[PDB]
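Peer 1: One-letter residues, chain by chain:
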Amino acid sequence: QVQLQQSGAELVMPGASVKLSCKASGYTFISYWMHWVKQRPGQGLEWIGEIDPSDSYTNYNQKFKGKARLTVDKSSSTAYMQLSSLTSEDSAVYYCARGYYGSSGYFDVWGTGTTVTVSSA
Amino acid sequence: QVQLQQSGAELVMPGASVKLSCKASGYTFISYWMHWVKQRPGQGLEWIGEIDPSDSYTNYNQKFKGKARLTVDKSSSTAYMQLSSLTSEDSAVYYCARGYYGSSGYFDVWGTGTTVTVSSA
Amino acid sequence: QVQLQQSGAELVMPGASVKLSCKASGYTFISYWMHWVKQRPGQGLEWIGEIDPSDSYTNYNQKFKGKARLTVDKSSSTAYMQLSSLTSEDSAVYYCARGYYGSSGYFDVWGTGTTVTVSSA
Amino acid sequence: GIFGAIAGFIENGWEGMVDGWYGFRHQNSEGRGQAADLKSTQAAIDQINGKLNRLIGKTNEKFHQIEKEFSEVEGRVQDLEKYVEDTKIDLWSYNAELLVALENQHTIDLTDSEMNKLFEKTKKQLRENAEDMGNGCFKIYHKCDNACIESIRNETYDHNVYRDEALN
Amino acid sequence: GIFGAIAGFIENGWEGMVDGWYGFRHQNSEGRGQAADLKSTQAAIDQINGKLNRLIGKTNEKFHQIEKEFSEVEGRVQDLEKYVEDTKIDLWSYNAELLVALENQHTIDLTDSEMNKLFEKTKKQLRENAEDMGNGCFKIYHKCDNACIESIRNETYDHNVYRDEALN
Amino acid sequence: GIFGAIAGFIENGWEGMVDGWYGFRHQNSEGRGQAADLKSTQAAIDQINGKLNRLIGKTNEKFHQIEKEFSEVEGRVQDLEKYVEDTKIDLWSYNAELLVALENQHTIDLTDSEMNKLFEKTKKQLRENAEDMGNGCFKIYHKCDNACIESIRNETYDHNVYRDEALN
Amino acid sequence: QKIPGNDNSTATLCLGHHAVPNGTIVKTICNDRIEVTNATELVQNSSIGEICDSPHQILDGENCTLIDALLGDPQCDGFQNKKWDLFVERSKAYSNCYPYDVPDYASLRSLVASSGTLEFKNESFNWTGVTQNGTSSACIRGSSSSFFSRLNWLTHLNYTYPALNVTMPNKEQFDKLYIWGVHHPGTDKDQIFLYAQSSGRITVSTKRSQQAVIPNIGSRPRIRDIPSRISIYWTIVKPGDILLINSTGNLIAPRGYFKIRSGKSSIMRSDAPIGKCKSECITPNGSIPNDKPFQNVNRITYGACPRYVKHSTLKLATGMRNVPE
Amino acid sequence: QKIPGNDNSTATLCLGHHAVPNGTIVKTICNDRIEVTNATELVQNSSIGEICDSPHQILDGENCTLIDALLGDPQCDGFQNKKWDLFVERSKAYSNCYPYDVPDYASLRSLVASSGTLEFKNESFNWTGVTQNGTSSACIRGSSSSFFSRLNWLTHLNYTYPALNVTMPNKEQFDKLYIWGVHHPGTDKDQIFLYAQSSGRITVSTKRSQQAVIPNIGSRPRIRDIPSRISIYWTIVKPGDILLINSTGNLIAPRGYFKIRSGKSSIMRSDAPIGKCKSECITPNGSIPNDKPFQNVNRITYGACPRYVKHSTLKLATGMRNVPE
Ligand SMILES: *[C@@H]1O[C@H](CO)[C@@H](O)[C@H](O)[C@H]1NC(C)=O
Ligand SMILES: *[C@@H]1O[C@H](CO)[C@@H](O)[C@H](O)[C@H]1NC(C)=O
Ligand SMILES: *[C@@H]1O[C@H](CO)[C@@H](O)[C@H](O)[C@H]1NC(C)=O
Ligand SMILES: *[C@@H]1O[C@H](CO)[C@@H](O)[C@H](O)[C@H]1NC(C)=O
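Residue numbers (PDB author numbering), protein chains in the order written: chain F, 1 to 121; chain H, 1 to 121; chain E, 1 to 121; chain I, 1 to 168; chain B, 1 to 168; chain D, 1 to 168; chain G, 1 to 325; chain A, 1 to 325.
It should be emphasised that the hints constitute simulated quantities derived from the structure, not laboratory data.
For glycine and all other residues, C-beta sits at the position ideal for the given N, C-alpha and C.
It cannot be assumed that every hint is accurate.
Interface residues of chain F toward chain I, partial, derived using beta-carbon atoms under 7 Å [stated by the list, open to error]: (1) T28; (2) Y32; (3) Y101.
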């Protein structure tokens, strides 16, 4: 079964850093790309970046330069998300999604999401 | 059975125009070339022009610019000559002939001829 | 059975010319290269030159220009050396040897050798 | 008659081509995508289906035959029946093994090259700009976007010469 | 093992060839034309005849065989004869159909490409005069007359590669 | 499916097939030479041994069969036994002749071409200084020594192009 | 496919063919362990285990053989006059009443298997002076010990067995198979007391051929308390030809004739029960779907079946060569 | 092969290939409807309908069957002592004499088809006390109603049939085939009146093998007014062996041996008459040309014949792929 197992929820300081995870299984990691989709509650779906598991090709959204970065671990079949300079606007559910190769980009298998919340309370 | 069907005789004004015909049958039109050969009464045969039935490529004899014009109709498998500014020197028997492709030009199948007479009588 | 038959022993005057022979047999002449190796009495083996039997491509040792000249006869499957300006230092046993093509040059079949003596006596 | 592409200069291959058998992978300034040449994979699937039309379905309706399962021995005619059945089985097993060998070899041989069409298609606009690329990735020096890869897929590619780089 | 020329980039070919099996056209300044090959057509005809030597003639003189038709029914000895004759006929009909399939495929495969000899022959004189053409429609930029095409078909062609006014 | 090299543009070939089937020949300032592609000759010997693995040894171990050598005539069944033995051998002899023909043709086909690996390896280093050549010899303009040709033999070549001259 | 750097001076591209990371090992003429993307298993490895009879009308088994049905087995009276495209004979099937010993049993089995059309036209005959409708002891049929239903037991009548000379010509337009027999008793006293006087003499001749048999008197081993055998013979008659039963002693005579036509039927020996599919290929292990060219289920087949081979894993390269890693 | 136009500096020499406007559809290993320029029809679809006996030595069989050609067929005594390389048996097949019934008729037919050389050497014998040259009633030759010319119809002489013990040694170099028979009378009274007293017994033995037969007595169906059958036997003798006809009853003894040669001969049941051609392959439809690898005419062949296949239109690709437009 192709399922992108994903981590739990986190809660950090504004301006801190967090690292997300998404364990791929049931299929060869270097075949299909990884894409991540951000959905703020009550808002629309947003596409933030894509990675190539074979050789780490990086393509990011224009509005998220220097803010979201993409890494993979080919040994463990895992795709990582490191976030930097967090703000209260960043609180959303981050969906780890599979992806067909390149600019075709139809996400054939989706994930479950992690409730990321930014607050000082 | 291959045969180059040929029209009847014509008798036109001096300086007028006449359009001969030669309907090819029994073989594919675009493969072998079509050649026209003029024979005056008692004189030798004279080579008029050469045409490609596939895409209407025409080479004319050096004595025959503006006098002979070669056209084809690929639907009915026929070839035409158009004569312009006729004179009594043009009165001859015009044979439409088949041919091998191009400069090799051996006319394997001939025609029956057309008695064309130019006179005011 | 391959064997590189040679001539007998020969005696010249100082400064005279002698032409040796080595008749290759049991294998096609143009395939393997012909090499000549000189062994001085009580000294080390020295490599004279190399010749292509197919088209007479010759490379000579740096100490043997103008002294050794290699020729072949493809009809009778034999190889020759031409000797010029002979001296008493040249008295040795000349072995004709086969060889793998070109620079690799391992002499797979050797020859018996001919004693060449240079003296005025 | 191997052509030396699928085991040759196509050394790894990418595993995502689920729509077709072949494809035209690429790299652009706007994203390194993929493709699938429907003509070539359609030809391959059609010849596999033509191979299986003589094989999958439409067998020979052989209704009544000789008795092959036997019992206690009867005579020389039983030995003859066993011998003819065994020689038929050995001939047909050799013949099926041979048929599998020839058709697997032929399937590997035909599903191999036929990429020279892309070569000759790309030549006349690749011949001038930094000359000729053939090592397995066509390092096409025609600076273009996904429209040109679409034209290469569509087999509707013109030749806009790139004279800015003639030699280097 | 198809080569993809006759069904590939030689789209239809021309039917005014009665001088062989393979062709050579031209578009010289002194009129176009065509001429058939000498050794390649003869090679194709020779391998066809070599196929037909074991097919036409050399039939095995099988004089006396078993009775292959029956009027009455006898049972064990009769249906064994029917079974062995039917299995022989099925094996030989599969052999005939398979043989036709393999050597029709081989005839299509070998009567394909071999343009590469002309490609390499034209190559060295077509390296500096505005490069080359890869199809079966060679743009030979050597400005040459019918004697040049005679040298092309005549396998004896010196290479006067054209120096200037090339590649724009 | 011939490729037209061994009977094609390899007109003679040289006779030092003592270390490998395929060869690497050269011309140098520092003397000529000859090598053998261990990868290509090992591949070809691997397909030859794979062909022989179904043939040399591993025969079908058939112990008891019908009597084939005969005596004074009996009438029925003996005629059927001789008929089935004749057809068995006739099918097996046709099958052996066919197998020899297909595997000799396929051996000539697979032991053919594969200059294309070296061609695409050398295209990058001859695309800018001179060009390639395929008539017999394989002309390489890269002026170097036995180590560069060793790298050609080693399939580890760095494509260092002399950019000083374009085509003359 | 190692693709060059992103920048690439913004002037580049690439190409590839294929991959899939699954792997399937097939055999070629060069190698025996090459790996391809997809492969169709050409050899039907396993069956469904049950004889399902939708395309071919397959007649049942249930402890009775085809020759038992042709002889009219007292265990199986429900199979008379029953057409069938395929017969299955159960491995648990056993003979009943007298043990029949057909001297060319496989020939008669194959003949009626090729027939495949049971219509015992109960033809009237001229059996005069004989005790027909005889009763045995080893028969069981409603606890009444009634002999074979498809043919007749003839003994002496009023201590007299006349030399029977009956005949019935082929006035129809089809071949009439006649199934008759001769009785081999267990004692010469049994032969004298039961059938006729002294030995017997039986010749059954058509116009085109003749069949004759002398009965043999022996002491065969007992099957179900019967120290005797019967041997069954068949007398195929062409249209226009005339059959003539001529007998003096042991005549195990037909009650009519069996209709035979050149059908496409066959016999099969199996043990699987009866089910439902849409599958026209039958094997003793059960019906296999004939969507394969070859098989390794069993040698014996019926109908449109794949050809049996001695291999087990012939896999055609339906796909092309796999380079998964 | 599209060519651009009139070019001076360049020369677009579309070096292409050959095409044929008409096409022929052939089958390959991939596509079943591919079209080639030329095609050779490998399967001989039809014949000339006639048998042509110029290359071989085909013997006609008008109102002749080969086993009666061995016998004294009164309609076929014009073919006596005749060599042949291929016997054709006509489908009319009218045999007009006593009805012969060889118990292994196909075996004797195949044997003499294999031998194929009819050289009946009339051999003297030791038949003493018999009535040679019997008179038949259905052989019609000269309106005299004689028996078979080649078989001797030995009956009683002076109401006495001695136990015959004749022999003829194989003192020659070739095999000698002895075609004998045993007679099956209609009634026991017929056997008593004709041949001997009560029943009969025959033991024909070579040194290496023996063949014994008991005649069968019964009322067969009447063919042309004969309620009897004659069954024919063959006794192949190797060089140096001794043939010993030992009979007591219904002997139909050979008048001489048949020379046999393991040569290029066969038999073929056909109906087409004899003509004149040049072709060595003969089929029951008629002589077909031998310049084809396969055929679809018939299964039965003789000589350098193509192999029979079940297909009809296997055409060899004797040319390249046709793209005729
Ligand atoms: C063409 O070749 C032939 C021999 O192949 C020879 O006459 C010459 O090389 C050429 N002839 C002409 C007229 O160019
Ligand atoms: C004998 O054959 C001829 C033709 O060959 C035929 O006309 C004739 O009727 C035949 N004889 C009998 C008795 O049928
Ligand atoms: C043949 O045999 C009989 C008795 O066996 C004998 O009387 C007779 O003389 C023999 N024939 C000849 C020609 O001697
Ligand atoms: C029997 O007939 C044959 C010829 O058919 C003859 O040679 C022989 O003498 C005859 N014998 C008697 C006893 O009539």
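Peer 1: Against each hint, give a clear statement of whether it holds in the structure.
Peer 2: Status of each hint after checking the structure:
1. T28: holds (6 Å)
2. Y32: holds (5 Å)
3. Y101: holds (4 Å)
Figure legend: structure checked against the earlier numbered hints; every hint is met.
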